[PDB]
Amino acid sequence: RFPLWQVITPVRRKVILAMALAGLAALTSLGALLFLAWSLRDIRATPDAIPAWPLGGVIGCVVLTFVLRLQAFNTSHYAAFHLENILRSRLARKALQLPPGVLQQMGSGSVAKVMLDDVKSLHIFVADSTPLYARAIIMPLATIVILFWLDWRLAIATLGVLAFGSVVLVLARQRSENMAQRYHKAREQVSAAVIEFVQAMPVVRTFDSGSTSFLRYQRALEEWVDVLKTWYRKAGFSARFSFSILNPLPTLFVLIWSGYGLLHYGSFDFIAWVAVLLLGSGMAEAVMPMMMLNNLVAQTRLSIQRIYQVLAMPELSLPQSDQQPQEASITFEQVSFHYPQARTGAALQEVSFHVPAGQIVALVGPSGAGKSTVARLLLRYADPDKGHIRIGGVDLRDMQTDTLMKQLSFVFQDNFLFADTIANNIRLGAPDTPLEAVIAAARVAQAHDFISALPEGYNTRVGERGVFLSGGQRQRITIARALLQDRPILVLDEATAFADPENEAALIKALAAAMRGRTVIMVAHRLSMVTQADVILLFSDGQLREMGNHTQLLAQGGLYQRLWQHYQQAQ
Amino acid sequence: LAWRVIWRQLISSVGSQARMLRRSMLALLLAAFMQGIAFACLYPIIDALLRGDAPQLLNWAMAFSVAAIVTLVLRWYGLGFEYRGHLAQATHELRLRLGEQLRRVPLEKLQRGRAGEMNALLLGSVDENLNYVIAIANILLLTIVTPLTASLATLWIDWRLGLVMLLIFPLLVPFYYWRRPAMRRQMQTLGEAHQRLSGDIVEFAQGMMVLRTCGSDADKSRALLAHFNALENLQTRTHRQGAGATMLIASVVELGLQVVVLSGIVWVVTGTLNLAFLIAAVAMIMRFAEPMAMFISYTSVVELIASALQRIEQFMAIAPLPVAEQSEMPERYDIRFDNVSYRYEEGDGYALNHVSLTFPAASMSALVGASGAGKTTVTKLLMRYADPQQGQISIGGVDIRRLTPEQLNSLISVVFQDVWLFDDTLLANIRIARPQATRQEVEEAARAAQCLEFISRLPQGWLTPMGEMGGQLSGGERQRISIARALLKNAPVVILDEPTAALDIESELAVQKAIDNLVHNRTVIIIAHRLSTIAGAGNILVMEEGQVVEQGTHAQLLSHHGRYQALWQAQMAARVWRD
Ligand SMILES: [Mg+2]
Ligand SMILES: [Mg+2]
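Here the protein sequences come in this chain order: A and B. Count along the first sequence starting at 1, add 1318, and that's the number in the numbering used here. Count along the second sequence starting at 1, add 93, and that's the number in the numbering used here.
The set of hints was computed from the structure by calculation and includes no laboratory data. One should not assume that every hint holds.
Unchecked claim - Straight-line alpha carbon distances no greater than 30 angstroms define the calculated BS3-like cross-link-like pairs of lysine-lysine that follow: (1) B:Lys313 with A:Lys1412; (2) B:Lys606 with A:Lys1724; (3) A:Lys1503 with A:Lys1438; (4) A:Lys1547 with A:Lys1704; (5) A:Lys1438 with B:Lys313.
As the list claims (entries may be wrong) - Quick list of the computed label-pair ranges, beta carbon to beta carbon: (6) A:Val1485 with B:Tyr269: 48 to 56 angstroms; (7) A:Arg1331 with B:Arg315: 49 to 57 angstroms; (8) A:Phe1555 with B:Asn326: 36 to 44 angstroms; (9) B:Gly655 with A:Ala1828: 22 to 30 angstroms; (10) B:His447 with A:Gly1866: 18 to 26 angstroms.
Unchecked claim - Sample of chain A residues with no beta-carbon within 10 angstroms of chain B, all distances over it, derived: (11) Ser1407; (12) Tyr1626; (13) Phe1768.
Beta carbons: idealized from backbone N, C-alpha and C, even for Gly.
Hey, can you work out the whole structure from these sequences and the hints?
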């Protein structure tokens, strides 16, 4: 499908301009060598006169040759930079538009590999080979005609040299087939192993004492080095032959022996031989710079194939009707969902429940029940296998991404911070938000007290995952970030974990004073939160087993009675 | 700066393949010299022509042929470093050395960085360091050594022609010295930009769930695109800045090689230089002008290699926490703090101020307090996360600084608050704590953590793959897997930091059963905001603003009105949402 030809499409005009100027520089170099050969011939015929006109021709052609070469290289470099920017922006947009499950499965290390290293590999090709490709396709084609017009026997000899080189190179082609998948998988596994090693260092140092450094990192390194050795061995012969057949020495050797043979046959012409020697660099020495980068171009080809494979992933079936919600009420209608991993049973079997607006719905159940699953399905993490999820009567499938996400402020079970600034983290998605609103949102939570205590206050820096901040403090920051949005439905996934009971009670009372008419979805294992709520939904083994108030589920005497009794006996 | 430092850095980076690299570069240098000699063989060959002296024409053609053969075989053998696995072996060894350094650098300073930034060093900086060494050596030896040898032999043929041919090599030195700072700055700036971009991309990938919620088209992704555009502008500006310099260098070189031919022509028409020698010199110059013009541009790759070496050595220059007065294994396991006061980097908190406490062996102690009190700080400093500026921490009668990190990590088994699973199977995730364990032991550890139930409900069983951060499992399931991992390791001291944050009441009681079983023969430290689980602790330590404000047991602490009593009342207090 010509991936190399495909990638240069956004910068096609500049790439073709670079090709044209490289070809013009090549032709001008041939003209320079012709003028210089004419100067030598004139000196041979007249050993007492300066060939002033041919010498002016050769010097002018040299000047134009290097000017055009440098300008073409500059154009190629600008095109390469523009192409890198375009490819990186498109990859980022695709990652944004990719389904959350697909992107999570593919991995952060894979994203770093494809977005950074694969796009970086495009520079070699675009900015340092297309002028060389143009030179290697222009100089031989004109040079063969010039030498045939000049001396057809030396032309045949040098053309035979070039043909031998080209035939050997074509015969020895690895084609990079049946090993590109292994090469990639090794590359992204090494990247993911490095990221995992860095971000899980306390766990590695505590538990992984068997191997120096990190065991999975070592395994990935060995797989990558095996792949690299195989790739280098497979490409060694072609690279090293192209480096020895396109050297000036083989061509000079063949030309010299042909000239000796012609002298022995009594048909040697000195001027024609000299002009062939001067002009013989265009056939086989023109392909030499391209073959110096052929291997990196093959690596760029593999990276390009990976990039276009990433961009060829299905998206989450965006609609075009653009219907809007008008009720802020949630509805699950016989929804069943299976994760991409073929887990037995199902995450949800026949979940169906209606939450009218303004309701403090609290989600309870044992671990693995599927509370985070229904929260993610509300967040359009994936699409239900059966049933429908609706917000305000209109289906989530019949919504734009912006339309759906303007409805829900979500607090994730895992508290993630984008490093940066605490104030910046809270005001994420809106840098123009004044610090007054950020402080108000933090006051709705209990973050403001410890934030003021910190010396830099709101501008205090936090780690990559928020490591510079306490777990409870990090969760409070995420809560404040969600509250700053003021979106109609607020979903919480264990928002009061990692927090002492005093902070938990303060957060509950403040948030109750705050989300007055807002529909609040609650996931909590601490049943003291759910003892006073508008409705309680209990999940077990992926099934919505019970639904009702605390008194209703307590009187029903089902799965909720045992949980509440154990919780109350504990405290 | 100094090329000797660059050479020793390159030798260290290559490592065990240093002798192979030196031999390959010697082969490349000999190939360049022999190619220059082969070009020098033209002077008699062209002189053989125009005259028809076939005998010595063949005599010198054989010399040219053998010179070309030696040059070809020498280049073929010297380029084998890239294709015979030596480059791959050197890269593997450098990656292994850099990975081990990650295992030894202080954890506090390491957490001050970013995972993406470290990914660009262990993965990208290495390939910038090693993947172009042989190629750039071959290009620079061809660019300089071969024309130098050709001009030196021309000096033998004609001292006037040889001198003017040689006069260009001193001319390149001022241009190289003038352009070297610009190339150095450009390479350093591109390296820093690439590292920052790698970190930003990794963070952007790791927070797509949060990013999708905020919406408003792109806001943080808007910053990512701004970074992309800034990188484009940086590269374009750097290329434009050096475009005029490159044009000037190319013009000067190619026209200083265009006056050598003019001087030779003047000498020939004057009758003092042979026409065939002129043709040979012209052929050499035309085959040498193009590589020589961009020698300075070729040195940019050398600058890049130097920058990668500098970054790698800066990372490798980080020193571990000192191990002073190395000691043996402590025979008791009673952790004691003595006047410990620890200040975090870039932090004015002075958290864990003047903290003195005791963790009795064969007992279970609990740490309670508000969020940010410093309990996780206690757990981290017990693992030698950072050295205390004041006070001493002792596992037994031996201070931690008297132990190496391996011994301390052998004596400590920790359930972390930030639950981290590895991107492999569940069986290996549990087994990494103690791989030399029977499968029955692993099953017992899983049962103690009450996690076999959902393992049975896994179609892949124990071979179920765990994603990054253990994404494929729930929070409670992942946390119980971490508990089982810690349980499998047999360490004298077990530190659990909020072991049951994401567990239901039944799973939490089941886990607390095994936690209480651990008490009899292991030192146990437990951090919990769920005060019901840790009411049975032998000792409970109350923390506030980095100080241990109050000490006692459950009954003793509840008898006297204090912070523990207030926390228990808050836990027992009803929560009202008012519809
Ligand atoms: Mg969950
Ligand atoms: Mg903590």
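Hints, verified against the model:
no.	hint	verdict
1	B:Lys313 with A:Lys1412	15 angstroms, holds
2	B:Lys606 with A:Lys1724	45 angstroms, violated
3	A:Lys1503 with A:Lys1438	18 angstroms, holds
4	A:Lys1547 with A:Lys1704	49 angstroms, violated
5	A:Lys1438 with B:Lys313	22 angstroms, holds
6	A:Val1485 with B:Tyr269: 48 to 56 angstroms	41 angstroms, violated
7	A:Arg1331 with B:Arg315: 49 to 57 angstroms	28 angstroms, violated
8	A:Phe1555 with B:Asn326: 36 to 44 angstroms	42 angstroms, holds
9	B:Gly655 with A:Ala1828: 22 to 30 angstroms	25 angstroms, holds
10	B:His447 with A:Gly1866: 18 to 26 angstroms	53 angstroms, violated
11	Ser1407	6 angstroms, violated
12	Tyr1626	19 angstroms, holds
13	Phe1768	5 angstroms, violated
Taken one by one, the earlier hints fail for this structure at numbers 2, 4, 6, 7, 10, 11 and 13, listed in ascending order.
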